[PDB]
Structure formats: C-alpha cells, structure tokens
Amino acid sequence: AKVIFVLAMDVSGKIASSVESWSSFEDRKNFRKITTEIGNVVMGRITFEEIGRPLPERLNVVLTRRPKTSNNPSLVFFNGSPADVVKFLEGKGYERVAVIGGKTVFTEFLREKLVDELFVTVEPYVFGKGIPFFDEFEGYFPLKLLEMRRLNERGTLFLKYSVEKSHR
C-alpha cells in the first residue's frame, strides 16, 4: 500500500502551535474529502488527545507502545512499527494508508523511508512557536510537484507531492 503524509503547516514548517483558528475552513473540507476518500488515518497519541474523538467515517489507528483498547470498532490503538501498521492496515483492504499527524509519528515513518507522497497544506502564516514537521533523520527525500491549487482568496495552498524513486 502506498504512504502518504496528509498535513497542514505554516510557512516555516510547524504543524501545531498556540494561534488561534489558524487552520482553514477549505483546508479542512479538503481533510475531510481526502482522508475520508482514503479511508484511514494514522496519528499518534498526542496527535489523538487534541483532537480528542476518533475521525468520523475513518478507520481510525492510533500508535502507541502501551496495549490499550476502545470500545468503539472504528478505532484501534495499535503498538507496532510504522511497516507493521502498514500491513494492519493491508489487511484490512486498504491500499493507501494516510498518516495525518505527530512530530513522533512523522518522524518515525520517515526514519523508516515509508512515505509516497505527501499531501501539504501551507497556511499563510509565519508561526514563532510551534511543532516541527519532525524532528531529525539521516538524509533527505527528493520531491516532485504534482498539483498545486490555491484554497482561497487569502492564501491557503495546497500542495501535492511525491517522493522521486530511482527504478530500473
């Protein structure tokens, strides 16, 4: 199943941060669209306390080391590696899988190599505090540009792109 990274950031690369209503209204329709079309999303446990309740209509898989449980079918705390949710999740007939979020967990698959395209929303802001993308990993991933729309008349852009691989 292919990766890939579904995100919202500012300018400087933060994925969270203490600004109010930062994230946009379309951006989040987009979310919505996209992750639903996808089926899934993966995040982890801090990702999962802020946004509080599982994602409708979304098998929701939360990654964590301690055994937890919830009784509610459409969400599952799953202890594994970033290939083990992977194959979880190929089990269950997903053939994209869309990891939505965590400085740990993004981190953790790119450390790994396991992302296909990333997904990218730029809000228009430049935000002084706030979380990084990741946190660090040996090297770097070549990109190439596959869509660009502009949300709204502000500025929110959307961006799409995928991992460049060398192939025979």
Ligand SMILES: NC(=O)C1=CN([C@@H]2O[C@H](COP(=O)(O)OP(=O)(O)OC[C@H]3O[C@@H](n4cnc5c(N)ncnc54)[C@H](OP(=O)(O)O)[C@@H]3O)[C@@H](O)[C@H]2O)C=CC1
Given for the second form:
There are 2 protein chains.
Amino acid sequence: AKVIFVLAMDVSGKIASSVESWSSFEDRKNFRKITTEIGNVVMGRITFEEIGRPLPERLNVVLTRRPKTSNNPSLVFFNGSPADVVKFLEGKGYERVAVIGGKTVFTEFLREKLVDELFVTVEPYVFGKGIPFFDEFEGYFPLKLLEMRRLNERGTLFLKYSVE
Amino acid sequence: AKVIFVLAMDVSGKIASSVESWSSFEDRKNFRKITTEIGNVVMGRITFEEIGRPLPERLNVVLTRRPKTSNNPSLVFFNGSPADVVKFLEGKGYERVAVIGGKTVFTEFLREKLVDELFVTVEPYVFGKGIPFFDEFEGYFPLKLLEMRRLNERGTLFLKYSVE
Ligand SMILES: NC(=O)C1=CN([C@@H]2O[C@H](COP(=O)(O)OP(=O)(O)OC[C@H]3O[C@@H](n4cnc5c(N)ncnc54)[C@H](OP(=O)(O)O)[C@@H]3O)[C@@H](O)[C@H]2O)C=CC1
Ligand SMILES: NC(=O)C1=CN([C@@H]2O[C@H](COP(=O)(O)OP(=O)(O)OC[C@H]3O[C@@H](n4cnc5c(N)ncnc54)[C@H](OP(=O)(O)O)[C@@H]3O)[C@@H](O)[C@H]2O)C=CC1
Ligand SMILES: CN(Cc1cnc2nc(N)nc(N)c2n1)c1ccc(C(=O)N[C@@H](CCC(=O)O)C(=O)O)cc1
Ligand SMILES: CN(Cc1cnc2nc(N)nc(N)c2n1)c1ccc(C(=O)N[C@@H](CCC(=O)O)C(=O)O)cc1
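For comparison with the form deposited without the ligand, would you give the structure of this protein in the form deposited with the ligand bound?
In what comes next, the whole complex appears, and the chain from above leads the way.
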C-alpha cells in the first residue's frame, strides 16, 4: 500500500501551537473527505486523545505501547513499528494508509522511509512557538508537486506532493 | 517603509540544509528581479559571506557588530537594531526594505514586529536536518495570501503573504 501523510501547518512548519482555532473550516472538511476516501487513519495515542473519539466511516488505528482492548470494530489500539502498521492494513485490503499525525508518528515513518505522498494544508499564519512537523532525522526527500489549491479567501492552501 | 521578507525554504520550514543544489534557478532569477526592484537587501554577515560579494544594482546592507569601513558605495556594514536599519534606509528614500536572511536576522525583525509582507519560495523537498526560518519568539502573525505562483514543472512555489 502507499503511505500518505495528511497534515496542516503554519508557514513555519509547525503542526500545533497555542493559537486558538487556527485550523480552518475548509481544511477540516477537506480532511474528512480525504481520509474517508482512504478509509483508515493511523495516529499516535496523544493525537487520538485530543480528537477524543474514533472518526466515523474510517478504521482508526491508534499507536500505543499499552494496547487496550476495544469493543468498537473501527477502533484498534496497536503496538508496532511503522512497517508492522502498514502490513496490518495491507492485510485488510487497504491500498492506501493515511497517517494523520503526532509529531512522534510522522518522525517514525520518515526515519523508516515509509511515505509516498504528502497532503499538506498550509494555514496562513506564522507561529513563534509550537510543535514541529517532525524531530530531526538523517536524510531528506525530493518531492514533486502534484496539485495546489486555495481553499478559502484568506489563503489556506492545500498542496499535494509525491515523494521521489 | 514596509519591511519585506524574502526567503526560500523546504516544506518543513528550513532555509538551509546540507543538501547540495536544492535552490532552483527559477527562484534565483525571481529573487534577482524582486530585490533589484526594491533596490536594497538587508542581510546578516554570515549570509553575506556565503553570497560571496555585494549583489549588483542594489544597496547591500550587511548587519554586523564588528563594522568594517567600505570602499564600495553600494555596500554598508551596519550596527544597530532592525528598527535603526529601517530608519536608515527610509532616510535614503526607500519605500520598501528587503530582508533576505540569516536565521538570526529574521528572528530579530520578527521579535520587533517589523514585517509587512513575506515573499516565500517553497522548494519541493523535506529536509531531515537544517537551519530553521527563525528561532522561537513570542506571539504569531495571521497572514493573508496575496499571490501564489508555480515557478517550474517540478513544483517550486512562490507565495506572497501580507502580515495581519
Ligand atoms: N497539525 C496537524 O495536522 C496535526 C497536529 N497534531 C498535533 O501534534 C501533537 C501530537 O504529537 P506527538 O505527541 O509527537 O505524537 P502523538 O501524540 O500523536 O503520539 C505519541 C504516542 O503515540 C504512541 N506511539 C508513537 N509511535 C509508536 C509506535 N511505533 N508504537 C507504539 N506506540 C507508538 C505512544 O503512545 P503510548 O504513550 O501510549 O505508548 C506515544 O506516547 C499534538 O499537539 C496534536 O495537536 C496531531 C496530528 C495532526
Ligand atoms: N533559504 C534562504 O532563503 C536563506 C538561507 N540563509 C541561510 O541561513 C544561514 C544564515 O543564518 P544566521 O547565521 O542566523 O544569520 P546570518 O548569517 O544572515 O547573519 C549572522 C550575522 O549577522 C550579524 N547580526 C545579526 N543580528 C545582528 C544585529 N542585531 N546587529 C548587528 N549584527 C547582527 C552578526 O554579525 P557579526 O557577528 O559580524 O557582528 C552575525 O555574524 C546560512 O546557512 C544561509 O545559507 C540565509 C539567507 C537566506
Ligand atoms: C486535532 N485533530 C487533529 C487534526 C486536525 N486537522 C488536521 N488537518 C489536516 N489537514 N491534517 C491532519 N492530520 C489534521 N489533524 C482533529 C480534531 C477533530 C477531527 C474531527 O472532528 N473530525 C472530523 C472532521 C469534520 C467537520 O468539522 O466536519 C472528521 O470526521 O474527519 C479531526 C482531527
Ligand atoms: C546564498 N544566497 C542566499 C539566498 C538564495 N536564494 C534565496 N532565494 C529566496 N527566495 N530568498 C532568499 N533570501 C535567498 N537567499 C545567494 C547566492 C547568490 C545570489 C546571487 O548570485 N545573486 C544574483 C542572481 C543572479 C542569477 O542566477 O542571475 C542576484 O543578482 O540576485 C543571491 C543569493
């Protein structure tokens, strides 16, 4: 399956800050549309706790070293490496895997080179402080821009890159 | 005069990395046009050394605490706050000031809220390590997207933002 990263950030590359509601209405609807199409989302435990509940119409895979039994078929607490995660979803018939976050989770998939496309939303802000897209890692990735789209009047931008 | 930031970065927000030749010539020509139109470039001493010499047809203002007299009329070593630099250039009839870089210089101008527009080029890469656009500072800036332009088939993107 191909791995797709889905994230929103400010112009400086941060995925979280203390700025209230900087995430646009448009990015939120675009996010639901994209991830439901893919049919699954892989996230870190901390990101799951912030969302608070499983996202509807999608298989929610939550990474945690303290797996918890689940009563919901669309919620799975998983203890494994990025590679293990991809194998598990592939075994479910998914062609694409949507990794939606946790700086920690983005970092792990990057260190392991498991990323084929980046669906990036750039919100019109500059945050002086915040949580970076990922922690330092050796190497880099050349990209190719597949699509660019303005999502609203203020300038929220949706970019789609393929990893070369 | 209004302060304009001109920078190129990868998708993760870094203005420099160990990767060779990641700067596109299209960005370089676009940079040449914009900065010569503005007529001046304000930069940190390190950036100056890396460029290798005064950029032609532009007043080059090199920020430094250890000032050196200059023979060249279009090269000035300046010691002072970002506010003093603007004052100095305004006194010379400039309406716009082009701050072209150095993580330290961008940080200083941001801390002082002296910035009106951002002329940002996003090169199609993700760097694992590198120098960030700026070091932490208090607050943030909401922006409005004025213009978006693709510079090459690979995906180099030029974005123009207004502050606040
Ligand atoms: N702007 C955006 O688009 C997004 C922003 N975010 C933001 O980023 C922050 C979250 O980032 P971050 O805290 O780094 O990461 P996460 O919070 O998403 O998850 C961290 C945790 O996930 C678990 N985990 C990670 N990797 C593995 C693995 N290989 N195996 C098992 N468990 C694993 C661990 O859980 P345990 O401790 O249980 O063992 C770890 O504590 C939040 O502020 C959130 O708002 C999140 C998504 C998107
Ligand atoms: N991608 C891009 O668009 C750009 C990338 N860069 C990259 O970023 C790096 C440069 O970042 P960084 O080193 O932080 O900064 P700079 O290299 O631009 O400048 C550092 C210097 O500027 C001087 N300086 C800074 N603030 C002041 C002040 N308030 N008053 C007086 N002098 C001051 C100091 O001079 P002194 O010590 O002599 O007194 C210091 O040595 C380089 O690797 C370069 O390649 C640079 C520009 C653009
Ligand atoms: C905090 N968080 C993480 C979050 C937010 N925006 C993002 N935006 C992008 N582009 N990418 C991400 N990974 C991302 N992650 C959240 C919080 C809520 C919902 C959420 O309610 N979900 C609805 C969205 C729908 C709405 O507002 O209709 C969904 O069903 O997908 C998703 C993610
Ligand atoms: C390392 N450096 C800093 C540099 C490079 N690209 C950037 N690109 C952007 N968008 N913004 C910056 N601040 C920036 N800074 C350099 C190195 C050379 C020249 C340079 O030769 N100058 C010619 C360009 C000429 C060409 O290729 O015709 C110029 O007249 O501006 C400029 C900046």
